[PDB]
Every structure is written in structure tokens, then in C-alpha cells.
Amino acid sequence: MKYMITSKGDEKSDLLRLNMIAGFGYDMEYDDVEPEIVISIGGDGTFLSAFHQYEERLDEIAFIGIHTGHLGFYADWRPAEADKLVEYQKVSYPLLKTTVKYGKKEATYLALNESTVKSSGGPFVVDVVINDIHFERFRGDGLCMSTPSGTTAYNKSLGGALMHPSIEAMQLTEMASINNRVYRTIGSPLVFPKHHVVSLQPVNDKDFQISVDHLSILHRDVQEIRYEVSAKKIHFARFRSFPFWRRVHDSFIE
Amino acid sequence: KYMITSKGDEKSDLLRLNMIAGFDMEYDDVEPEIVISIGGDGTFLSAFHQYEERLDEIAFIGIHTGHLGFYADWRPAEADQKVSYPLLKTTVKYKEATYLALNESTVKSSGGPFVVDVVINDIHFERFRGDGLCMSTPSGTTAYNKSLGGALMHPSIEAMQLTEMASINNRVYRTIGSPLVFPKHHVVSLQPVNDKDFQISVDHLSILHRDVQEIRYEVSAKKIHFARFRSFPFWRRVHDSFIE
Amino acid sequence: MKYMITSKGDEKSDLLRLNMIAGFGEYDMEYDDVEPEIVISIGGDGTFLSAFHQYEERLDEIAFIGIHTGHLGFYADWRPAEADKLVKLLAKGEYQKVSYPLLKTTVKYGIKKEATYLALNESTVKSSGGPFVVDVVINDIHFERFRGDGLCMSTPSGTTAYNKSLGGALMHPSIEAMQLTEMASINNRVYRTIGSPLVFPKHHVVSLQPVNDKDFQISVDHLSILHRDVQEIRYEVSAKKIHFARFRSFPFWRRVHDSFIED
Amino acid sequence: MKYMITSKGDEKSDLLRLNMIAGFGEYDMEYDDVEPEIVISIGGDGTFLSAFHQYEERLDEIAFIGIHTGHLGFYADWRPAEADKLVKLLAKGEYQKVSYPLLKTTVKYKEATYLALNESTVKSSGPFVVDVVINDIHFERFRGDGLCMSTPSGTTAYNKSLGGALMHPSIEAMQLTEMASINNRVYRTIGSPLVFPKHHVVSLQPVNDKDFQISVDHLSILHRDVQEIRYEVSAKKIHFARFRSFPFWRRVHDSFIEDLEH
Ligand SMILES: [N-]=[N+]=NC[C@H]1O[C@@H](n2c(SCC(=O)NCCc3c[nH]c4ccccc34)nc3c(N)ncnc32)[C@H](O)[C@@H]1O
Ligand SMILES: [N-]=[N+]=NC[C@H]1O[C@@H](n2c(SCC(=O)NCCc3c[nH]c4ccccc34)nc3c(N)ncnc32)[C@H](O)[C@@H]1O
Ligand SMILES: [N-]=[N+]=NC[C@H]1O[C@@H](n2c(SCC(=O)NCCc3c[nH]c4ccccc34)nc3c(N)ncnc32)[C@H](O)[C@@H]1O
Ligand SMILES: [N-]=[N+]=NC[C@H]1O[C@@H](n2c(SCC(=O)NCCc3c[nH]c4ccccc34)nc3c(N)ncnc32)[C@H](O)[C@@H]1O
Numbered sequence: 001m002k003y004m005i006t007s008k009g010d011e012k013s014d015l016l017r018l019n020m021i022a023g024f025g027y028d029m030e031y032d033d034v035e036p037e038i039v040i041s042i043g044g045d046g047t048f049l050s051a052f053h054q055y056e057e058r059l060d061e062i063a064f065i066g067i068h069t070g071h072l073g074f075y076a077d078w079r080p081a082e083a084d085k086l087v094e095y096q097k098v099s100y101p102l103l104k105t106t107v108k109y110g113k114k115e116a117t118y119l120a121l122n123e124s125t126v127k128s129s130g131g132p133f134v135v136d137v138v139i140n141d142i143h144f145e146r147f148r149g150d151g152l153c154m155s156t157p158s159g160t161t162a163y164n165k166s167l168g169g170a171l172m173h174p175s176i177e178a179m180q181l182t183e184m185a186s187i188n189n190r191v192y193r194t195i196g197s198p199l200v201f202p203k204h205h206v207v208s209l210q211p212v213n214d215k216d217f218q219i220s221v222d223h224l225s226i227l228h229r230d231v232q233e234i235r236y237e238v239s240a241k242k243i244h245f246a247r248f249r250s251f252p253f254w255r256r257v258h259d260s261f262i263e
Numbered sequence: 002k003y004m005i006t007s008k009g010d011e012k013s014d015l016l017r018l019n020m021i022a023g024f028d029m030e031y032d033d034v035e036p037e038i039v040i041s042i043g044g045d046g047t048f049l050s051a052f053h054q055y056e057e058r059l060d061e062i063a064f065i066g067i068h069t070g071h072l073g074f075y076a077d078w079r080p081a082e083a084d096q097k098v099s100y101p102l103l104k105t106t107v108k109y114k115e116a117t118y119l120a121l122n123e124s125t126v127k128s129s130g131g132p133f134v135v136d137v138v139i140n141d142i143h144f145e146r147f148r149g150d151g152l153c154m155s156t157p158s159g160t161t162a163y164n165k166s167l168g169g170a171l172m173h174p175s176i177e178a179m180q181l182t183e184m185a186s187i188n189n190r191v192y193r194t195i196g197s198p199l200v201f202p203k204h205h206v207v208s209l210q211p212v213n214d215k216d217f218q219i220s221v222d223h224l225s226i227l228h229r230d231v232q233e234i235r236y237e238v239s240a241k242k243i244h245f246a247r248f249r250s251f252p253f254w255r256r257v258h259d260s261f262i263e
Numbered sequence: 001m002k003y004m005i006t007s008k009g010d011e012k013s014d015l016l017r018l019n020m021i022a023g024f025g026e027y028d029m030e031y032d033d034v035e036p037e038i039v040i041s042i043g044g045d046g047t048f049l050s051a052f053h054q055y056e057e058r059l060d061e062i063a064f065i066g067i068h069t070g071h072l073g074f075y076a077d078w079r080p081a082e083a084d085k086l087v088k089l090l091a092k093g094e095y096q097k098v099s100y101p102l103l104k105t106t107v108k109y110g111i113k114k115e116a117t118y119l120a121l122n123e124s125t126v127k128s129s130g131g132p133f134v135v136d137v138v139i140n141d142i143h144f145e146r147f148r149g150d151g152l153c154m155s156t157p158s159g160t161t162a163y164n165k166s167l168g169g170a171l172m173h174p175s176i177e178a179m180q181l182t183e184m185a186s187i188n189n190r191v192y193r194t195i196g197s198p199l200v201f202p203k204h205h206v207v208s209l210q211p212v213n214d215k216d217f218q219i220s221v222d223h224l225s226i227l228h229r230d231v232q233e234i235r236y237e238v239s240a241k242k243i244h245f246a247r248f249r250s251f252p253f254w255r256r257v258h259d260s261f262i263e264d
Numbered sequence: 001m002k003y004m005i006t007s008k009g010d011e012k013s014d015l016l017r018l019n020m021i022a023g024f025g026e027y028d029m030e031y032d033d034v035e036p037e038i039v040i041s042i043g044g045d046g047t048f049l050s051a052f053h054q055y056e057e058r059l060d061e062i063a064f065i066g067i068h069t070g071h072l073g074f075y076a077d078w079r080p081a082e083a084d085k086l087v088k089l090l091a092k093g094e095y096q097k098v099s100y101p102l103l104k105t106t107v108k109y114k115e116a117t118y119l120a121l122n123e124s125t126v127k128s129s131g132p133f134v135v136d137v138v139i140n141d142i143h144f145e146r147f148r149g150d151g152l153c154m155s156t157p158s159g160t161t162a163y164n165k166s167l168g169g170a171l172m173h174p175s176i177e178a179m180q181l182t183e184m185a186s187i188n189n190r191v192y193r194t195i196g197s198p199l200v201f202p203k204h205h206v207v208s209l210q211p212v213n214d215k216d217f218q219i220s221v222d223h224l225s226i227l228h229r230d231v232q233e234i235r236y237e238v239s240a241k242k243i244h245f246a247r248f249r250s251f252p253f254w255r256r257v258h259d260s261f262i263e264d265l266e267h
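Chains as they are written, first to last, in PDB author numbering: chain C, 1 to 25, 27 to 87, 94 to 110, 113 to 263; chain D, 2 to 24, 28 to 84, 96 to 109, 114 to 263; chain A, 1 to 111, 113 to 264; chain B, 1 to 109, 114 to 129, 131 to 267.
Please keep in mind that the hints were generated in silico from the structure rather than gathered at the bench.
Positions of the beta carbon are idealized from the N, C-alpha and C atoms, including for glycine.
Mixed in with the good hints there might be a few duds.
[Unchecked claim] Output of the computed footprint for chain D on chain B, the stretches with three or more beta carbons under 8 Å from beta carbons of chain D:
#1 95-105
#2 185-196
[Stated by the list, open to error] Label-pair ranges, simulated between beta-carbon atoms:
#3 A/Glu57 with C/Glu56: 53 to 61 Å
#4 C/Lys113 with A/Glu263: 55 to 63 Å
#5 B/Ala240 with D/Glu56: 56 to 64 Å
#6 A/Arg190 with C/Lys12: 15 to 23 Å
#7 B/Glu11 with D/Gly46: 46 to 54 Å
#8 D/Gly46 with A/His244: 51 to 59 Å
Build out the structure end to end from the sequences listed, making use of the hints.
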């Protein structure tokens, strides 16, 4: 079938890539337009690029991650096992939908790890609105809405909770909240189920640094930033049994 | 067919009498379909553990005589569909003993250090050393779980959350630090290392267990049913409690 | 004696400034922004920080005074309505001086020369884009290899600021120390960090040494500039201290209570 | 000079203890367990804490030494394989002395005072609710499991597990950390750990219940009808015997980070 392979850039990834492509020279044809199997070689950062490269056809693509360096949560296959990889089950992980409104039109984005909103320099002040209901007035560095699979990324470093990627939900964590009598925040991470909409509304400044995984751009004149669990899912190709918690253990505990 | 529990104070007992007077409703504490709690969340917990054997045929209603609770959302000046929340199944192994929790289930030592092996799905995850561990229900996240640094999750999510209690987290006993949220059919097994005497607590019930071989945690198939008359959002209840 | 007054910029602060200057004009007070002995900041903590760095070359000859036109600050503890009593007490010289410790930041390059900075609140170091990875060396001894957003070294008085939002502890400004806090540490198998904030005494040096990237985004009291080809970043408690003019007694813990709990 | 040795209890501690006593049998060392000048602890930090309270009324005439039979401790810095060197070094009388600050715990109901090397915690006997007073000034009303006041050297103990900051023992201060605070509309607490210098008094005053489970280090007691719990940096200090540079941060490193040569 149709497939394609992306590379990190280093010699180890490109050499391993060419080594695998020649292996398919079976009934496998290389195609980067309409692939059925996308293979990422490098790390989680490399895998994220492959996700956004083919986010228009997530329903017809199974992803496979290979790490040339340290173990990743997406790139979970060693280069020494590249021979065996060249008949599988499909595992689906939830994604995050980020919608931005302006003063025009609106923009939507898909996240595999998380989406963060920070200030354009000074203090980040927004009103956190949960399901058309005011919850808190936040003041700090920013806010982080994480995917289940993305909880082991930025979310964890921010003191968030680790969620199993079988749970369809999203998690909101604080970034250096001042948390005083004027700007009282919840402090605890908040996990939202499906059909729940978290709305971030400006108070004074209208310019925000919205980031989606590995892409941070400046959005001017922002009226609203809404978060909710996307209906679209990312599909993986399961060959062996590598449990999520086991993958967490090998990463942080060892 | 229904029944009514009371906290113990005069305000709760007298209000209870008024509700009986209001009720083709036959008062039956044997096989009730409607259980009404009067007092607070603590009183509500007592009503839950009173009928664990018939949680599938009972809809609960909470009335707070004191401050607002997460389970008692009805003011006493209002005595005049079903919503299901997940539960936590706690199994202690020696003949095994099982317990159901509405808020959470914590395991501490019987005096000295608390040292166990955290096993996730028959696979060792970490060796814990500290005060103890806390496995919380979705609805119980706004309780002890929050104080321990745990995350707040909406009760519509069927899962369980494990949080640390003063982990030493060093070379020998490296822990994850972050709270862990486990879905359905996931089993967290806590296995002793040396001392096998632990102070296992289920919600408001803290009992001492001797000769413990294994403590297993998993989301129970049984769910607690509430009676929804109005619409009080979970996040609004969190807002009114911690954000004033 | 010689004095000067800085203003936030709004009408209220500027108005208060002119009236105080006229107030001092009734006594033996000379206005001088070049070599003053008393620097009065009118506005907020941010305004106070600007006045600090404006005269960081003569901190030994200056007693600072903060006046908050808005909400109460940790550096600006005087209300505008007390400006009249402030002038009269300043003119007589009826006040004692209280000293707060400062943080010394030293940046080394691939010999550029060598840059030094003084911080009243804190000094932070982050990357210039990607992952921030450095080796934390405490007193010429390797302590940890850090990977994350960055690191924040705070002064005692600066603990109630960015430090607190990062989970740092609150120290009384009488304690001569500095506090290092983590900024979103990945803290895994490869990059194991302490997690806990670290309080260092005087004469202790925390050296941050690069692993791959030499470019770092260093900020001193929100003066964030890009430093290229960085060889070393050293942290130590400065021998220089900031001097305040004390007329009454506003306890640090009360200022903490009035700011984060209730007022 | 006069010395004594405490033991954990196991075979390793008792055997190593006998070897040292016999080791001092070639030098001018008098063994005395009632009025010693050098107290040696064999076992762990728990053993050291026991040796501290055993001779806490003569802290001015005693320099302590710790030997860890198991993992590295913050008070037991010496290895069992270095016991041979310790005897000769102690006999030669060649060592500088290092002093660590202590925590003074006062319980009023007559007045009871306690000295802590690590920390002093106060819990309930149900909900623990007290009013935290800092220098005769109300700061917050706490509600949770309890409160922990830690010594500088004690910051690496329970204080670290509670999320407190690590302080160098050269700093004469004390640190207050929360224990499972509820922090809501009614009971708003600071959250952050608080570090107090000398001459600063932290007063814990009851709200409803007067009974509290007050613990000082290993000693966990129960005080009834408590009116006030006072915390302040004690004037008394514990003295150590230094032979070689073993930095505090190294002990922190070798305990929480990694120990590659072990
Ligand atoms: N604005 N201003 N003045 C700079 C002061 O801001 C304090 N400081 C900072 S400065 C670092 C920064 O760029 N943060 C992005 C958001 C932000 C900038 N300035 C803030 C001031 C208050 C609150 C948020 C910000 N962040 C924080 C922080 N999250 N919570 C508390 N306090 C901070 C820090 O003490 C610094 O000295
Ligand atoms: N009782 N007692 N033990 C004395 C030392 O134990 C230290 N201490 C304590 S005492 C409070 C307590 O009952 N903890 C329950 C579990 C436990 C007891 N002792 C431990 C020692 C190490 C680890 C866990 C325990 N907890 C802790 C704590 N989580 N992490 C570190 N160290 C602690 C505390 O500093 C005290 O100095
Ligand atoms: N036992 N009991 N009561 C039942 C509920 O009390 C809730 N729960 C507890 S019970 C554990 C305990 O023994 N804590 C000592 C102090 C305490 C006891 N009950 C409390 C209730 C509120 C606040 C403090 C206590 N602690 C906590 C906690 N620190 N912050 C929040 N909520 C808690 C917990 O959810 C439990 O299910
Ligand atoms: N790897 N990679 N690509 C970007 C991903 O990196 C993850 N991500 C980030 S991105 C936010 C950021 O700019 N942080 C500054 C330093 C940094 C950039 N990328 C990093 C990757 C690992 C560690 C630090 C950085 N920070 C973090 C974080 N502290 N700990 C864990 N993971 C993070 C985040 O999930 C993002 O999706």
C-alpha cells in the first residue's frame, strides 16, 4: 500500500530512513500525497510535524513513530527493530480543538499534545469561562490545555496530572498564576470531558501568543479562545503490546 | 417507597419529620427507591454506605443544613431524571474483602514508614515511600484529592485518580510525582515490601488492616444515581467553593 | 539633603509628585536626580524597580521610599494621603535605614568580556527558542542537569513575586540568601532535577553551564535581553544592599497577608 | 576525651560499635555514656535523632558524629568502611566544629518546651483547624491535615516530601509548610512555604478543638487543652565534628538525584 517516511534531519534519521524504504522494495509504494501509513523517524517533535503535515487525512492514515535518540511517547520503536516493522491493529487517541475568534472570521486548530496561550510580553490576564459560565479571572504567564496523550509532555512539567490516552478528555493547567485576592484562581488542574467548552476571554490586552504543539504564533485583536475535545482522532498502528503506563515508567521513573 | 437519614442535630431531625408529613409515598428503610440525606456531605456519605447492596435501585438527594456541599446541593428552605457518578472499588487481600468508595480510598502505614510497590496492570510502576497513597473518585476529586495536589475532573468521566501523600521521592524510591488518572478495567495493585499492617481508609471510614498481601484499585461497575430536579453545574459548584 | 522623585506617568502620580516637591521646598531639601540621597518612587512595584536600576551605581548613598497610587505593593507601602507627613519626617531626617539583600548575576562569554547585573526581585534564564538545557553547578560541583523552560533565582524580597507563582517559598527580607526555583522541569530519567526550590546562603555560587545551545534569554527584573555565545551564568548574593527609609513599621508578613489573603 | 556510641539495634550496628570501642583502646579515649564530649551515632538519621534527644541537655559540650549502616543520611555522613579512619582522626583531636540551628517548640495549656533537629508538626486528634499568628498578628486560618515547622537541616526530611524548599543549614531560620490544606472561600491560606528568621514567633492558636497531636521529630505526643503553640529559632545549636569537606548540597545530590560511584 501507499506510505511515506519523514526524517528529523540528522544523519542517523536519514540513513535509517533510506534503510527502511529499500526494505519495502513488497507491494509498498512511496507516496507523500495520499499515504496510508506515515512513519516518523527521530523523536516526538518529529512525530508532531508528521501529524500536522497530514492532519487533513487523519481518518485514512496510521502513524508509526521511531526514535533515533531517547524513548518518546509517540516514537516508541527502536532503530534496531526497524527490520521487523517492515497485519496490524489500530489504536485511536483523542485530540484537542482550538478555536480563535477576532473582532474577521475565526480560526480552528488541532493539537496532539497541547495548546497554550500566553501574553505578548507583559502580564497574561483573561477570564476563564466554562460552558458560558464565568469560573475565574486568571493572571500569570499563561494557560495550558492538554490532550490525554499530551499530559506526559508540557502538562507534566507544569505540574499537571497524567491521563491515560483512552480517556476522551482535556486538561487545563496554570502557568505561574499570581493567585491573589484580586486574581483568585483554582490552582488545581482541571479535567474537562467531551462537549465541554472552555472559553478564554480577554480583559485588557487583546494580543496573545497562541501555541499549538510546536507552533507558536502571535494573534492580534483576539475576542475569544475556546477549547473543547475534538471529534477527530489520531490513529496508530499497533504491532506489539506497549502499555502507556509502562511507557511512562521507562521515561520518568527509570 | 423512600427513606430519610439525619445528621443528628435538632435542625436536621425536625426538618426530617416535616418531609415525612409531606409524603402515595410509603416510608421504607428496608427497600427504598429514594434516599434523602439531611446535614452535609459527611452525612451523605453515611447514607451511601448504608445501601451499597442496592445502589442500582436507589436515587439519592442531598440537603445541606449547614454550608453548601458537593453532594448536598439543596437548601433546607426547599423541603417543599437520574444522574450517575462513578465509584471506586477497593479490594484487600489476605478470602478477600471489598469496599466501595464515593469520595476516595487512602492507604497509610500503621505507625512507621509506608513502603509499598505500585503495580499497574500486573506490571511494577514504582516503589513508594511516604505517608501514603490516595485513590479518588471523579466526584471525590474536589475533596481530599484536591488538598493533596490532585486534579479536579468532571463526574461524567468514568475514571479514578491516584495522588501521592508526602513522597520522599529519592534514588531508592523514585515516584512519578504527578497524579495518575486510570480509566475503566485498569487495576492499581499496592503490594507491601516489609511491614504488612496498613491503615486503609474508605471515605469517612478508617480501619486498621493486619496481614495485608495486596490492595487493588479499579473503577467499580456500580454507579451512584442522583435525582436531578434543577441544573447545578459541577464547575459552578467548584467556583462557589474555592473561588468564592 | 538632596532628593528626587520618579513618577508612574499617569495624572495622579505626576500631580502628587509636583505637590511633594513644593512641600520639600518649605524645608532644607534640594531636588537633584544626579546625586540624590533620597529617591521617592510614586506608582507601583514596577515603578520602584525602574527607580532602583536608575541608581544602582549609588545604592550605598540612597534611601528609597515607595508610594503606591494604586493597590498596595511590597516596595511601595506608602499611600498618597500620607505624602504630607512623609515630607515633614523626611526634612527633619527622622528615620532609620533598613537593608534588603540583592542578587548578583554574572554572564561569561567565549573570550566578549564579562557582564554583571544586580536584581531586586529575581533573575531568570530561558532559551532563545527551543529546549533550555544547562548543567547546574553548585560551588564547582555538579548538582543536576536541567531541561525545561528555565530557572529563576530570586532575592528574599523578590520571593513574593515571580518566585511565589513558580511555587517558591516566601522568605523574610532580613535573611541574606537567594532562592532557585524550577520553571517547568521535565524531570525525567535523562534530566533528573531536585524539583524542590533551593535556598542558598551568602558566598555560595550557582553556576549554570550550557550543554549544547549557547544562546539564552536572560532577564533581570523583567529586563529580558538575548545573550549569545554564553559560556557561564553565575549566581551569588551580592555584597551590595538596597536601603529603605523606615518611618513607621509595615511588617513583611502583614504585607504578604494583605496581598494574598485578605485586606 | 570522653565519648560514647549509640547503636541502631541490628547486628551490623552492634558489631561495628564494638569494633570502634576496641579501636579507641590504643588511644587516650575514655568511654562514658553519661557525660561524653563526642557522641557517635551508628545506623541512620532516625538513630541520630535518638542520640540528639538523649543528650539534648548538654548540646554545648557535645560534638556529634553520624555513621550510616544503610543508605546515606543527612546526619550520618560516614561509611562503615571508613570507621578505621574515624577512630584515629578522633583520637588525634584534629577537627573543626560545625553548628546547625534548632527549632524551639513551646506548648502552653506548666509550659512545655521541646527542641527539634528536623521538624515539629501539629495535627488533630478529625479536621485540624487553627489560627496562624505571626508576631502577635493574625496571618491566616488553616484547615487541613496539619502544619509543619522545619529546621534548616530538617528541610531535607519531611519538609521536602511536603513540597517545602531545601535550605542550607548555615542559614539560621525556620520553615513552615502546609499539610493537605483545603484552601477555599472560608479557609484561605498562603499555600507557599514560609521561611522565618530568628526572633520571629509563629503562634498556632486553636479555633474549636483544643486537642492536638503534636510531634517533635520522632517523638509523636498528644497534648490536651492546648491554648497556644509557639515556634521560634532556638538559641541552642547542635555541634558536629568535621574532618573532611562533605558539602550539604552533595548530600542532597547523593540522596535525591543520583549516586554514580555507589
Ligand atoms: N510587569 N512587571 N514587572 C516584572 C515582574 O513581574 C514579576 N512576574 C513575572 S515577570 C516574568 C514574565 O514575563 N511573566 C509573564 C507574565 C507576567 C509578566 N509580568 C507579570 C507581572 C505579574 C504577573 C504576571 C506577569 N511573571 C510573574 C508571574 N507569572 N507571576 C507573578 N509575578 C510575575 C516578576 O517578579 C518581575 O520582576
Ligand atoms: N515518626 N518518625 N520519623 C522521624 C522522621 O521521619 C521523617 N518523616 C516523616 S515523620 C511523619 C510520618 O508519620 N510519616 C509517615 C511515613 C514515614 C514515617 N517516617 C518516614 C520516614 C521516611 C519516609 C516516610 C516516613 N514523614 C516523612 C516523609 N513523608 N518523608 C520523609 N521523612 C518523613 C520526619 O522528618 C521525622 O523526622
Ligand atoms: N475521615 N473523614 N471524612 C471524609 C472526607 O474528608 C475529606 N478530607 C479529609 S479526610 C482525611 C483526614 O483524616 N484528614 C485530617 C484532617 C481532616 C479530616 N477530615 C477533614 C475534612 C476536611 C478537611 C480536613 C480534614 N482530609 C481532607 C483534607 N485535608 N482536605 C480536604 N478534604 C479532606 C476526605 O475527602 C474524606 O473523604
Ligand atoms: N519536543 N518538542 N516539541 C514541542 C513540545 O515540547 C513540549 N514542551 C514544551 S514546549 C513550550 C516551550 O517553549 N518550552 C520552553 C523549553 C522547551 C521547548 N520545548 C521543549 C521540550 C522539552 C523540554 C523543554 C522544552 N515545553 C516543555 C517542557 N517544559 N517540558 C516538557 N515538554 C515541553 C510541548 O508539549 C510541545 O508540544
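Hint check:
1. Coverage of a stretch by a chain is defined here by at least three residues with a beta carbon nearer than 8 Å to that chain's beta carbons; for the segment 95-105 of chain B and chain D the count is 0, and the condition is violated.
2. Chain D is given as covering the segment 185-196 of chain B, and this holds because 7 residues of the stretch bring a CB closer than 8 Å to a CB of that chain, at least three being needed.
3. Under the hint 53 to 61 Å, the C-beta atoms of A/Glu57 and C/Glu56, about 55 Å apart, fit the expected range.
4. At about 42 Å, the CB distance of C/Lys113 to A/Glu263 disagrees with the hint of 55 to 63 Å.
5. Checked against the hint of 56 to 64 Å, the pair B/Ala240 and D/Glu56 passes, with Cβ atoms roughly 57 Å apart.
6. At about 20 Å, the beta-carbon gap between A/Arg190 and C/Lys12 stays in the expected band of 15 to 23 Å.
7. Taking the beta carbon of each, B/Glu11 and D/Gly46 are about 50 Å apart, inside 46 to 54 Å as hinted.
8. Remark: the range hint 51 to 59 Å for D/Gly46 to A/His244 is upheld by a beta-carbon distance near 55 Å.
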